[PDB]
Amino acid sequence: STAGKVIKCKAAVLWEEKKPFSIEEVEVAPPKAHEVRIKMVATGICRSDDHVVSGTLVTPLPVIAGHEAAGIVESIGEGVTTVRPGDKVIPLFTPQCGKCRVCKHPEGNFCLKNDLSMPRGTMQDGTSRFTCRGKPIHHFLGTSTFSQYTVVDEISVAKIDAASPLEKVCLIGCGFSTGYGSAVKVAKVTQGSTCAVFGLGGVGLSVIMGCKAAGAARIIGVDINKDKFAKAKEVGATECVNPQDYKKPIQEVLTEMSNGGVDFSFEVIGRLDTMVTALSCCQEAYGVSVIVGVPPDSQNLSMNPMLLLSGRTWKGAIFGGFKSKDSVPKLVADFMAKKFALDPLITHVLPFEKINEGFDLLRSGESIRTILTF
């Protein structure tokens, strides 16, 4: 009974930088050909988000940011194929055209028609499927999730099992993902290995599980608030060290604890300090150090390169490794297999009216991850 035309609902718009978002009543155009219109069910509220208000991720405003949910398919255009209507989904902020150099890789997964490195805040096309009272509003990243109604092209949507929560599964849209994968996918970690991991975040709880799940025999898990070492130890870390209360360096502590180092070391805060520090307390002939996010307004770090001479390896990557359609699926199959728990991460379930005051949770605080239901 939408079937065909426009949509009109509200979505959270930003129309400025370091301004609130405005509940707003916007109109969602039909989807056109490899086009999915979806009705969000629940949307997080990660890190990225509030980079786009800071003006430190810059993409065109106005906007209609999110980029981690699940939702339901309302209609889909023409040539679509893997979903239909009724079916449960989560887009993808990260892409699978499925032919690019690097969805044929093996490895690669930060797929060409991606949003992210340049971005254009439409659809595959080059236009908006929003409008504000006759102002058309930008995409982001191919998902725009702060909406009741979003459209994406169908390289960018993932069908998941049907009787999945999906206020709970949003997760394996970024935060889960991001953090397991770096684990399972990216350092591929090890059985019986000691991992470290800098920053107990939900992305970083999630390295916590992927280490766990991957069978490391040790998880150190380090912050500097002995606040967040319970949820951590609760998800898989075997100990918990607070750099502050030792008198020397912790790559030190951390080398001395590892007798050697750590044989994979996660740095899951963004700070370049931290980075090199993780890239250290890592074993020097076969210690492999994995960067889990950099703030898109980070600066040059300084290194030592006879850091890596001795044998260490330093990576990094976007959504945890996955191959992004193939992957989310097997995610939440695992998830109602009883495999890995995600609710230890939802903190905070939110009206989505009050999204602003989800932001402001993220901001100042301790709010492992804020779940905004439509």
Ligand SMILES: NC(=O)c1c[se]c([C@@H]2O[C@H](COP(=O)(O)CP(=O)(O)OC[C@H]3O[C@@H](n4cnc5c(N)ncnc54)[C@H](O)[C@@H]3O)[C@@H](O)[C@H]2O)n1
Second form
Protein chains: 2
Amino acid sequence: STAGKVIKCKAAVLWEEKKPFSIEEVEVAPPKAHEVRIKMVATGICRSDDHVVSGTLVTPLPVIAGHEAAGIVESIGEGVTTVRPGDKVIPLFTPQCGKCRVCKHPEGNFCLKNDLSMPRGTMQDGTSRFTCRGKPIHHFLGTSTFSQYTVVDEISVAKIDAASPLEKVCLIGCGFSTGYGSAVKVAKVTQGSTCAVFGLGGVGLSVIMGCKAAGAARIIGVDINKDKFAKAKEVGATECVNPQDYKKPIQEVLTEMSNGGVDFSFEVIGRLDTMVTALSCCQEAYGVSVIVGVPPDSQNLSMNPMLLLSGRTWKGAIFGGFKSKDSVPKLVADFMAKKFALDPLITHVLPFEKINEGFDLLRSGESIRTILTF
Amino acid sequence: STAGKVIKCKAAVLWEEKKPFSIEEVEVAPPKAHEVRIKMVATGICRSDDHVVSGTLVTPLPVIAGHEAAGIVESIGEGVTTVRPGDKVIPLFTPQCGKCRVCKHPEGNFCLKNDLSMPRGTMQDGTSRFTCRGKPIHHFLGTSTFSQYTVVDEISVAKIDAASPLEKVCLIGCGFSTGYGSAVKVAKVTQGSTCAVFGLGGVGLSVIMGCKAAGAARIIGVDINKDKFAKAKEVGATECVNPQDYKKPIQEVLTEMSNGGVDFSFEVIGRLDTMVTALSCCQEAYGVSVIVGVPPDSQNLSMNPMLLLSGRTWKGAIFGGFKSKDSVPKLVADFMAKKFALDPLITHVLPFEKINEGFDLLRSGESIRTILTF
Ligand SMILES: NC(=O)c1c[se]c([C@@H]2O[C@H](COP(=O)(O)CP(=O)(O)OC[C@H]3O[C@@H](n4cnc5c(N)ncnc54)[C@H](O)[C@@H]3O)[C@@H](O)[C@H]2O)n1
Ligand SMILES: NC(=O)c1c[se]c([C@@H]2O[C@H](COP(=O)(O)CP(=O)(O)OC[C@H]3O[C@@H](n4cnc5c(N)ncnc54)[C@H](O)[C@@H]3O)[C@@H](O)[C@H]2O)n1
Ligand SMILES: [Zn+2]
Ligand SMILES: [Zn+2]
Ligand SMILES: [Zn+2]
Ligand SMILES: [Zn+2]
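Show the form deposited with the named molecule bound, please, the one above being the form deposited without the named molecule.
Every chain and every other molecule in the complex is listed next, the one we just looked at coming first.
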């Protein structure tokens, strides 16, 4: 029934930054050529769209935020070859347009038709498909998943398995894939290796799961908050070290207990000081350090080039280096084949009308992951 | 004849820093087990042993500096399986002891029995084999090649081809191998790629030669001194850009002319600002930047983590990532097979008694490479 035409539905609008979201009724335009319209089912809440709210990630306001979700396909636009109505799908905040030189590159994943670098808050055609009372509402990362319905370009949706639990596989649209790929795809962790993960929120928990999948024989999880050590442990850490317990610097204590430094170090906290501390404690002649993510507000960090000189690799990346459209079906199939559990990351499930409440949880942080259901 | 016993010969001594070298007569002790004694033939002059002289590279004084040389084997000590008297050889300032975890590691090359990290200026047994009038003279990087004779441990000498031109292949003991490996072994430059080398002294010229060997279709050489552009060009650069010609920042102009940033950027200057500028102008989603070398005095450099986040790799290394003992024979055989020329790097050849003069050349810098002959 909704197929040819505009749908009217509730969605979360930010009309102004540093304001809670308004649940509004909006008009979701029908999809033009190579667009898909998706009925959302479950969307996670993540720091990055809370950065929008604070003014920190600058994306044009008013906006429908949301980038991490799974749902079902309703309308498909003209020339849509990959999805067909009724398909389970996950919006891709970092696309896979297939044509550019990053998509062609055998390792690059930060697709040039992305709205992260220079955010205009639109669909590829420069327009928006949201209007709240005639006023237009901008799209976020060409996903906007805090809406009952949304329209994405065919390069920003991946089709997934029919039997897929969408209240659990929506994590594969951001946080789980960002950490499990920082371990499996970016650092390319090895059989036998010693990994150290810094920070153990949902992303640090996804790293440990990846490092576990590659066969690391040690995963040292380090967090200044003791309460984090259990789930981390559950998920794969062999040891957990609380920096505030030692009189020394932890890179000392970590090189010390690693016999000269760990193989792979990962920075899941996002701070400048720990990006440096995690660089300084993988082995000198061959360790790899991977910055899993860095806040859009970050300033410069002081580092002494000597550290790289020994023979270290410093690596950063977006979405665990996964080419989005290719990989997300393959991760879901893996979840489907009981390779990894998403369950200890999902700590809360709230109805979508309780989005502001999910934020409260994220902001005082004891909440690994809040999922919002439609 | 000299074989069982102490040789008395001239060598360059630093008795005190910031002093020119004294040509002295010294007593080179006979080699103990697993030591080799080498009659030098040609040794190059390089910034690193001039850093010693300035106080900057702290190594114990008095010392016989010199790390880059080729020569012939005179005495071998007890249990020496790799060289036999009369063998052409090159002292290895960074060893290949075969046993440690860096030597075992498939990429690591900064061997743990090295005297670079924590320099004690001795042979592996903690003693010295030099005495000038009863007073002991320390060894440099377990090589000390500014002496007519020297003793090295069997892990710090590689045997090379009999027909080898030792006045030309001594470059393979430091400067040529440090740049040609930063291109061929560390960055692993590719067929078709666009490389940018920053700084074009003898090392930057060795990079261009490596990038050329890997098949890069562009080698942009960039130096604020115009006079460098010719030899660079000769050696393989396709274009040379002089930063002072543009009103803009060169990473702009370089990303601009590279269509979004080069593949591989190399910093051969050693400055902090250009380590940053070369990081910032390889492609965002997949470029690799390699710091070829950094002065022992360097302080911290300000950098914004964002640069790594896109998907960049920052890599440093010692001796072009070559495992010393394995690789140097293979490079010489390549020179021998007319794969690369060492000739445009060798600009001066002076007799060894003119060491201080070779320094003068290096310090006012128009001299690509001064070789000293015995
Ligand atoms: N901007 C990004 O792209 C990005 C990616 Se990861 C990231 C940062 O990570 C967080 C999101 O990832 P996440 O799911 O892990 C939520 P999080 O906030 O729980 O992650 C940070 C973790 O580090 C811990 N921590 C704080 N300081 C220290 C310290 N000095 N040493 C060791 N542990 C410490 C926290 O207790 C926590 O578990 C964000 O809140 C932000 O701080 N930003
Ligand atoms: N400490 C190390 O391990 C190490 C490795 Se190479 C390195 C530095 O490199 C030099 C040794 O290597 P080399 O054989 O190339 C001798 P060099 O001094 O000739 O190398 C530096 C090159 O960079 C050029 N240069 C200076 N400033 C700029 C600039 N702002 N932008 C572009 N070009 C510029 C110089 O004209 C020169 O060709 C040392 O003198 C030192 O400065 N230190
Ligand atoms: Zn693309
Ligand atoms: Zn996210
Ligand atoms: Zn070794
Ligand atoms: Zn050198």
